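We begin with a single chain expressed as structure tokens, specifically the form deposited in one PDB entry.
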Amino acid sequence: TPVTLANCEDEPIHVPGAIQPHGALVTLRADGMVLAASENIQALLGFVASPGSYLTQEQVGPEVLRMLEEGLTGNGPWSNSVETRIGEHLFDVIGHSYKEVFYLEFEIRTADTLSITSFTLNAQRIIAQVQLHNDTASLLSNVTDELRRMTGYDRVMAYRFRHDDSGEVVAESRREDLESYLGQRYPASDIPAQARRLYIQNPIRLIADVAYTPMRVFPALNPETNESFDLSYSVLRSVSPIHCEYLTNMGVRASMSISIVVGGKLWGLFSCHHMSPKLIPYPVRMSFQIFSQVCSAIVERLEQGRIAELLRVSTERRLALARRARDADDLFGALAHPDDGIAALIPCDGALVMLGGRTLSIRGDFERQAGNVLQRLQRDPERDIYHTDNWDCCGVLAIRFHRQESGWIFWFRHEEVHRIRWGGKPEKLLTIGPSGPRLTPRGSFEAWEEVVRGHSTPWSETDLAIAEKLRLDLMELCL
């Protein structure tokens, strides 16, 4: 059924019946028999791959056939890209085997191929820069700027995805002309499950011309299975109408994205946008897929090194709490210490200490809410750690360290705030599509707002780790 805003969350974009027109596609079954092909084989390649047929050396050349032959029956690895000029143009021919189907893709090459030396040199510079700077925010920033020098794209941004899958533009190099989307936030809904899986499975993804018209592949179904063809790993797999509308609203008509994958999760991706159709040669894209690997590798460690630091200041800051509580025998004093205090342990907008009936509220008037939270927990006598990002103050983390005299510690966070807003000279809409204003950056951001309304920043894994240890410390102190 036709994709609407109402059902786009479930659009199966891995089994579209089409490909992008700047290439051709022939899908083969495990024994070499053609199962399907795209409308334009004869026009682009000058021959008709008929279902039931087997390709000949005559049709598609020795280079392609030899790859096709070692590629089909595929124990062990094999070169899966080949050059050949079947016609008058130049074709990179790319083959891969997913499920049990073999996809043979013909993509026209335009620009000079990858200069492997001048790519190695560029790889040095980037690794050398992040050698100096162990900010993962600096890596993103540098590689972003660098991607634009290399590719020549009009804009390249770096997205970081939070735990709730929402996105944030944490870097950007555009040409002076264009408006900046720096600091943009967008909801999980802007990158649906299927699209997200595809960003994890595929490092690089390219959209040559957004204002194109899809070239269908027939037959639509796989006669061997009576189900659609899975084009997850296809270089030419067509784009969604929804997205294409979104992109044209922005005035963008060529996209090129490099994934950053850590764990199973998609940690973020570099998005390259062009204002006119743009095509990047397969082997070049393959060099960028290397960046995808390197960044993912580096970013992973930079991140685990950061939580490592958080954990170090935590323990050191707990050590001070012991150096301090055991001397004068007053928790409150130690806990309320400005720099090393609990309000500084876990990032928050305020804290509250309870022991006996004594209440020390730090950075605001938190007794009332701490009182109300406690009344709730009264109906839940066995809970020792409470935390919610719903509820003055909607984020709450409570740990009980002494039950008899009801000793608790509370951290509070206010609603989540958009870090950086742009203002002044406002809003050149460019055309709006039929689907509505939802498919514009402003529409997306407003969609994010509605999502986070009433929610604080989520209690990190580490924030919870530190609090659980702090609770253990407080328990033994009271003993």
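Residue numbers count along the first chain shown, from 1. Each form is matched to the other, and the largest set of C-alpha atoms that superpose within 1.5 Å is called the rigid core. What changes on going to the form deposited in another entry:
Superposing the two forms on their core leaves just one of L247, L198, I126, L302 with a Cα displacement of at least 2 Å between the two forms, namely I126. A movement of the C-alpha atom of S180 falling short of 2 angstroms is seen between the two forms when the two forms are aligned on their rigid core. After superposition on the rigid core, the Cα atom of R148 is displaced by less than 2 Å between the two forms.
In this overlay on the rigid core, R363 has a C-alpha that sits less than 2 Å away from its partner position between the two forms.
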Given for the second form:
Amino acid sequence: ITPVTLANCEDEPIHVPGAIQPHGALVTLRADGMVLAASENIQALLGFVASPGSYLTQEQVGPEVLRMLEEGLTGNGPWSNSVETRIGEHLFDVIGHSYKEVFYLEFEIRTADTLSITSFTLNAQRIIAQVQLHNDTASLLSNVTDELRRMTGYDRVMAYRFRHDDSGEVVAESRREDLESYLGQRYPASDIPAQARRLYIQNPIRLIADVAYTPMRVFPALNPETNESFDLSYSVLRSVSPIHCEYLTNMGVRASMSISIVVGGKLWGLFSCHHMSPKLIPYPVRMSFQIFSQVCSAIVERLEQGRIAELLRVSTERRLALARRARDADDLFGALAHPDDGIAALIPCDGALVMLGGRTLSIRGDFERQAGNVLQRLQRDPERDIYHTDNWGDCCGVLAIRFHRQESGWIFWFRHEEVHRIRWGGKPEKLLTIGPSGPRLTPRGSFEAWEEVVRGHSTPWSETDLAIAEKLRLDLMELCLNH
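Would you mind giving the form deposited in another entry, to go alongside the form deposited in one PDB entry above?
Lone chain follows.
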């Protein structure tokens, strides 16, 4: 019965809302096919009253439907299927699935004049051609963002990248003129709490037909079998958190639809479609996106590792240049401090320090004091050959490696505090009408929430950055020992 406030919202059970969106009806069955619960609108949408204890009957739901249901009813492992069928006055999409051991049948009115197979195929071809045309991982995102809008007619579609700390960044955008831009927006991991994030990962597509909707409750609330709520995780019609709904209306959005990009076990980022008026996307089309989601995820994965590959390649090429120079010139300092192949170019940094013997070369600033303090901190830890941190002198980020012990051969890279890369301003943008929860649920409030998180922090060191440092360290050890 608990109200969901700003304090609660992190722990909101959004998977068991026990209600569904109004653009469809829902019937929940148990293993034997016996009805356990239904949305309060089954009668109003489909001509009949589903009742707990009942079993579904032909042409109160039609034949092919039970035909489908029986197949999944007798199959081990998460059944999933859909049928198209006429029930009374209308034809329906009857998407059905089984999660836990409860079976779900979802009913959407089908208004499309097209054959489903071809509608599905047509859109799949169109939206994944965008995945064959681009080598830049960012062109991919940018282009499919522009294309998703062309296909769906959404007012605004955005592409979101998720950082290491699960903070988001709007990296692409295609929007109707009128609308303010959110390009370069940054938001915290708290604006998509655990359960919501778990769900985007498990579900390629989420659709919100109308944010201003009144939910259609499924009765009864609790599954008699367990005396605990129905887990609508894989339910297409599952209802929305009032918090998110308030957020979206603060923005002035009325319909959403998001396509996930999952790589590893991580939500790599999603495409979020917004509309200013309510909007619906037919089932077969959503399936076009679902399959797309899986392929795009695959290509983004490769494109990303193709990116790291090239980073490693030019790094070694520079380690080669470095090895070449060092042996022939015989001062390392000159080699390391080289403007372009220098260490400052090896790994993205705002500065670097080279330190062998008693001599100190600070390149791109005065870093001698910091390096001294960092080194003192490592006093307590004589065995550390590598040190790094984004919390901390005057530079937040530090990556230090040791290549000579006795003569204190050290290398440092430094990073300043992370800064909002792109920022809007210039003319006060319009007044958002703000709900009861407060300004926290506006983009402006989200950004501020993000600042408070990152400030005091430099950008984390790449998986890649550390790998390079490690290779460099090996190089110099080799050199110093060798000659």
